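Number of protein chains: 2
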Amino acid sequence: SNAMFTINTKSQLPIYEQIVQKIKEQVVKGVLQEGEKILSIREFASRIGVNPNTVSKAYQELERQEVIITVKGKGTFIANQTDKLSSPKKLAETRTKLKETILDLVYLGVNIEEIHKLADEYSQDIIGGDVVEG
Amino acid sequence: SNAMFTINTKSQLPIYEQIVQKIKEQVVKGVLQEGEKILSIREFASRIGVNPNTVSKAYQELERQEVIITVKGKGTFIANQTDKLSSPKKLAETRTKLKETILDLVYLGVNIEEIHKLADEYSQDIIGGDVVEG
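Going line by line, the protein sequences match chains A and A'. A prime marks a further copy of an entry chain.
Taken in order, the first sequence gives residues -2 to 131; the numbers are from PDB author numbering.
Taken in order, the second sequence gives residues -2 to 131; the numbers are from PDB author numbering.
Just chain A, with the same shape it has in the complex:
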């Protein structure tokens, strides 16, 4: 029930990571909702034309990050989103990534004003439009 998406084989991001990040973004958009059943590893691999082992790797990483949950013989679902406590360690690691990225941009001559602008643009692209039912 995930929406199909673009995969870029020349990206710096491995295919499995692209899958992880697109699923995450779709949850952020509300395109995928808590409890929603998504495609099985094999169904998904078959549909997008990707190595099933690559999709398995992505789903394992998604479950590790608690984005999805697998219930044996029942399927794979989007995990609890409402009252989840974000992993402090993941938050810490992600803040470090933000810091390092800002250092890289600043070194390359991008000023903080331009960085705020980019952050707004990317934030808006991630949040997307709006999805409803009924």
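All clues given are correct.
Capping the alpha-carbon separation at 20 Å, the derived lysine to any residue pairs in SDA-like fashion look like this:
id	chain 1	residue 1	chain 2	residue 2
1	A	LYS54	A	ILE35
2	A	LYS96	A'	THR6
3	A'	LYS96	A	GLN9
4	A	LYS87	A	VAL64
Rather than coming from a laboratory, the hints here were simulated on the basis of the structure.
Starting from the structure of chain A, add chain A' where the hints point.
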């Protein structure tokens, strides 16, 4: 002539990358200036107590990114900073890293307001204070 710095062996960043990023940050701060001679690989490894091969790896990456320049038999220097053209490919890759990092934070429940705040804080920490001579 680089300033000594903290290395965190439990960081998600490999030691060589920590060295690359600290040198870059010191250039951003003006602690290291264009043309300034820095420690040789062996001098630096000896001083910080790191594997010389790790320092060599960092210096290779710094030269790849055009942060430093090595002149055979003369030493290693901070590369041109004034009229350098930032690699469009590196800029593009770094912008992608910003986007992915923002997605990760937003997924973890950090709002764009908090992200702008973090960006300002990290930007200020990178820029640092002020270094002069005379």
